[PDB]
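J.: Spelled out from the first residue to the last, the chains are:
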Amino acid sequence: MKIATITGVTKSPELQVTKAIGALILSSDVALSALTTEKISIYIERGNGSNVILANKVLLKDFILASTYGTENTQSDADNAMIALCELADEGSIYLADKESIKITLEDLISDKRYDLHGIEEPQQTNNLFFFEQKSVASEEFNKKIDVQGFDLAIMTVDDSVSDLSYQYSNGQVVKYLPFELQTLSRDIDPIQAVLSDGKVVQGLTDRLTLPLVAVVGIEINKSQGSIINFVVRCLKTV
Amino acid sequence: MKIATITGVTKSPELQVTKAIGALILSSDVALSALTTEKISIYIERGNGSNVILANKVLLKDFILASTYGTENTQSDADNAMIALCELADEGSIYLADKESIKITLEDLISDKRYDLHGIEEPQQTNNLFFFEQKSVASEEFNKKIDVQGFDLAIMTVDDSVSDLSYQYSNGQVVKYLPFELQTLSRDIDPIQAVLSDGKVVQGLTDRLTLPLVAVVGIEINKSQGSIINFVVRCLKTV
Amino acid sequence: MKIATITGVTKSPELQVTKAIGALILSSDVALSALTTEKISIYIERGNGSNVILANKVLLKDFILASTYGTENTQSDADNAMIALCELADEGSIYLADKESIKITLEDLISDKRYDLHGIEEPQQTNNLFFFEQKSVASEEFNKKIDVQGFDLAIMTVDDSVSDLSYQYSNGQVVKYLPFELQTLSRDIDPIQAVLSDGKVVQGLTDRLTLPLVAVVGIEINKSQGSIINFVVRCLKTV
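Protein chains in written order, with PDB author numbering: chain D, 1 to 239; chain E, 1 to 239; chain F, 1 to 239.
Each statement offered as a hint is correct.
Because identical chains cannot be distinguished in the list, a pair is counted as satisfied if it fits within a single copy or across any two copies.
With a straight-line Cα cutoff of 27 Å, these simulated DSSO-like cross-link-like pairs (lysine-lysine) come out:
(1) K223 with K2
(2) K145 with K19
(3) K2 with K19
(4) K19 with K103
(5) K176 with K103
(6) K99 with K19
(7) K176 with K99
(8) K223 with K144
If you are wondering where the hints come from, they were derived from the structure by calculation, not from laboratory data.
Whole structure, please, built from the sequences with the hints as guidance.
T.: This is the structure in structure tokens:
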């Protein structure tokens, strides 16, 4: 069902959903490439316990790209320049116990734009949920190793100062990759990334890269100074 | 083989095919979005028993859309502005006895256009066939229940007077959607509906909506008064 | 890794690859429709006797079209006008026994265009390899039968003289197709052959057609005199 419509304000109010949903539809008149600083934060609140945080100030571009990788792609309409569907659980929907609800907030919005939220319910309830985490490589340092065991998808910020990537697999084999090779490998699973309103397609953003991780237990990044690199990693687990 | 080429008239001659075909190819110089009133009628004239009716004046837009849902789409050559492949059977082709035939006819054409029919033969024979049925919702009706048990695909005429549509599943849950929610959810299965000659792609017609029915046993329509809603449903069965 | 950057010459030198690779990346500033006479030759050199010939002076267009059939398609970029990923083995990379290495070369290049090779490494090794063969039908004859058993993919040249293409399957059934029917049927599996730089798509090349051979043991060509018809077939086998 329709959740909220935000316009004319920089910060969206705390939105509460008491109905068990399975996915969220984000629709806005801002094109996906034009999104700059919008952030989202979704979690599950319990009456007599600690909250369960699924996302925490995740960038809208990273959230959309992580949630729409595969056969699907973000679409458009005559009135909305961006429509995306992002699922919060595998197969079924989220099971809500007593005194349990869902809370969604939006931050860093543009004054003269529009945003909408829609909730998508399912005929089933499941215990598996999606979590989003962030890993940063600082600008001052040169190389860094980050452990991505248990994750199945990552989003890299694309920059020209990054030179080398290293993948360590489960069987201990280490493979060397370049940004060009990584982009070409990524575009062999989901060729088209988005469809524009006028009819043209875009096969990938110029500042984000979607890395599918299978049997990967580590990522080493070799770069130079002057820029900060960010990874948005997605995982599935039972709460 | 080439069945017919029709131009200059408003009604097709009663065409007959004796060879066992499994699929039809409809080609025309009229774009997919420019089809208005053309209709098709297909039926197999059996010799031992009753005849088989596969399509009874089905509108050409819905006939094309109900067959090209999934990995495929309707294409366009440099000469023909619309080419579509529509299957009449499952896997193999239609099994025909010594003197049986398949009779096809077209109605409500345009005198300054051209329509071309092709038939595809297949190595195997089968008895399973696809049936296209038509359902209607009256102008004075408020809410209506339709049993879609056994079907797997429907096409509805998109109208502004339709408020809600509710899916009833096999296990007994009822989920109420919206037109926008249904469009978004259906666009994630076949993100591309057609490809134009100039290279632009179209992700969906603005006046038809395709609904895939998986484990769905009921459809409830809630709308206002003053319009007739049209559904074209496809089913697979053995005759 | 980086293999070669050929520019300013009409013939690339012999290139040796010592470590195991499983896929090549061909990149250039000429689009898929701008490749005319470029040829590629890949083989495996054994130190003490005999070589394994995978591809010998195969046209670059046919090599690219025989590898990117299916979900994938040839990519573009803001700098590279064509990128194509062609796998040289199934699943893993090519296993190398004692004292052998891969060797690649190019012929018939345009002296004012840029070509680039990249290699892809994998964490697995395999024995299966992809072999490419070429078949021809002369210009002074009318009909001819060719035997394609064991090949899973073929590429034929498209000419106006081709009238009928008869298939012969493993169960003995014979089906006669037309060029239009073949073109329509081949686009039901891969509807998009390439994605252009500006955001448009192309569903196929004008002079080349791709035929997937499943349960097919023979082909017959009925054509008029005037043009030589060329086939490039791909097979998978162990070495």
